[PDB]
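The chain that follows stands alone, in the form deposited without the ligand, written as structure tokens.
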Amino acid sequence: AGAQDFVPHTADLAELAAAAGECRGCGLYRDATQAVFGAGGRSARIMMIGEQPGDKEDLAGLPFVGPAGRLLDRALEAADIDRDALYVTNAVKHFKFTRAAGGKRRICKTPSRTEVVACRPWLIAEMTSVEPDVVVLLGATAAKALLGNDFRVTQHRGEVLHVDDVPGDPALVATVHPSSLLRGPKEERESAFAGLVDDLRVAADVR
């Protein structure tokens, strides 16, 4: 059942994170430095979920510490959301990567659907533990983990969604991943930043 047996029977986030350090639910634990669990407390009303820890996250032991995390910090501030009141995590908790000759960083490789399904028990334990009012899904992998493998982030922008098989029926808001707004023509990046702010504001408004 993937990571299921590695998940202990607790809602204590420090205990879950320690256990995630021992997970072998898929092959990704082998080459990753460490498991990167979510950060934040169980009082959090807003949960945010990216794809996976990237290069910086793999070594920091924390989510959203890179350029993508800093852009998200700028978006959250513009949306009047405090990052300390958020629970932030990723669909899979081990960095999947390769290197290219001459590169300046390790390159993220897309988790397969199998890896996403294997690791989802941790996501479920996190949601059980935090009981968020709203889940922001940042990018396609995270959105598909909860909304199904055919889901298209691009076709449901700014929509409050609810699926039946999700812990605590929280509202779900699927949006672009902060990494997508780092490059491109200035006017498209600025339009996209506004869209992300809008989606974050939709999520924060959820009753």
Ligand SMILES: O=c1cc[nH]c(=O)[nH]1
Given for the second form:
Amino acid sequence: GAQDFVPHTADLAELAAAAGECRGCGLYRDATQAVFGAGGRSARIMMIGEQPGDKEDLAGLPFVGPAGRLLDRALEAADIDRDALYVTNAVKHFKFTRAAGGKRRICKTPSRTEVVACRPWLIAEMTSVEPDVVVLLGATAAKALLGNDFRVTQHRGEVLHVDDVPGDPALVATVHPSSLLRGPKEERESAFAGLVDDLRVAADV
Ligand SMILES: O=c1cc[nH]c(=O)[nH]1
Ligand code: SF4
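Could the form deposited with the ligand bound be given as well, to go with the form deposited without the ligand?
All chains and molecules follow, beginning with the one already shown.
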């Protein structure tokens, strides 16, 4: 996968530039650019989404669109400062299609193959940042570190620890913020509160 493209450095700027030249799977072709993680190596909390979406692919930054604004609202309710986080995604190139009459590029799910191909960047990020806790936002991120059979819905609120993860950080798997954007008002509000709960669990680690 991406392993030959990952240089022997923990400097995030060098890692990010190297990711721009990655060909570890096919996703680099149609994306605009790689979207590396944002934040600094002093971060105690790392958060991992699925992939850059439409806005991120062009902004060059993770979580800048509607799922990002909802995450900001949850972080602020959890009194977590986003500037103090390291925020990234399991795959670094936007996988997408267009529908006729659609108003945006639509994200397509990364295959497990692509996730495994890109995981070396995630490993380099964790080795570089040495977070105390990793928040996994959604199924793809959670499976990247916890195994392909892992179910986010069955482990809400739980602090996890697995053996093949750099520095043995605490892991907290939670709902993807994109899932909180749609549905009945009451279901959204209860899901938002659970997101805030899971963020508080990670920060109290
Ligand atoms: O950075 C982003 C934006 C949207 N969705 C994700 O999973 N990550
Ligand atoms: S998605 Fe990841 S592995 Fe695939 S080309 Fe982009 S950076 Fe490399």
